[PDB]
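Each chain you see keeps its place in the complex, though not every chain is here.
Going by the order they are written in, the chains are A and B; count residues from 1 in each one.
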Amino acid sequence: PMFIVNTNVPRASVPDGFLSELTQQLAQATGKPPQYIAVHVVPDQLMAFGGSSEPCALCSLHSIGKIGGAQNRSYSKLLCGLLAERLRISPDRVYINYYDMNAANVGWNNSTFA
Amino acid sequence: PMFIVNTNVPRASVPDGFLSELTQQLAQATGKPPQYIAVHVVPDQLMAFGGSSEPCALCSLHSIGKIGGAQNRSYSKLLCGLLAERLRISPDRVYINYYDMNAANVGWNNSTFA
């Protein structure tokens, strides 16, 4: 899986270990092996939510399967929880786009997963 | 909705009020409540369009509904118009990816919209 979070929170508020924490939690939530989970945090961004510059986050999770109604609700609770705890971002100022990707549309290691 | 614009235009050349203007314009164009519009501008980027580095922009709009043939044509004119006036980027050096997202695939406030 690939997880990306963009936020207006400064880099200084991103703790040591945050990328590992995201990796960790996503591995268990998805049941995917952690060595295949990529994570990307992008702080200090010029962004607004509802026209307000208070802390917010715009995120994506791409996965081959393990994407669905109930699963995405559980990921949103998990990710909003972490963003609130570690970055002090209110859950109602977080958006996450989920993508169930076809294996043929994911490149890795000179090939694709199909 | 979520709107992102990535550009090689420098930060200092992004005029003040730009995020608020995008927020309001996207609200009226989509008919979505402005409270729920998120906008993100990423200046100073290392990018090329047709292999040249004159000003350009790479954008995306995600929405649950309000996406379609005629709407996307209208959005593209509106957004290219704004980028041209504010950031001085020619419309022929702007791309916008539109995504009609399923409510189940959009996380927010500890849950999804489904």
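Please note the rule applied: contacts are C-beta pairs under 8 Å (C-beta built on N, C-alpha and C of every residue); 3 or more make two chains touch, one makes a residue touch a chain.
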Subunit count for the whole complex, all chains sharing one sequence, 2 displayed: 3
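The definition used in the following text is that only the chains that are shown with their structure count from here on.
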Residue numbers on subunit B that touch subunit A, as the complex places them: 2, 4, 11, 14, 19-20, 23-24, 34-43, 62, 99, 101, 104-112, 114
Touching residues on subunit A, where the partner in the complex is subunit B: 6, 45-51, 53, 56, 58-59, 67-69, 72-73, 75-77, 79-81, 91-92, 94-100
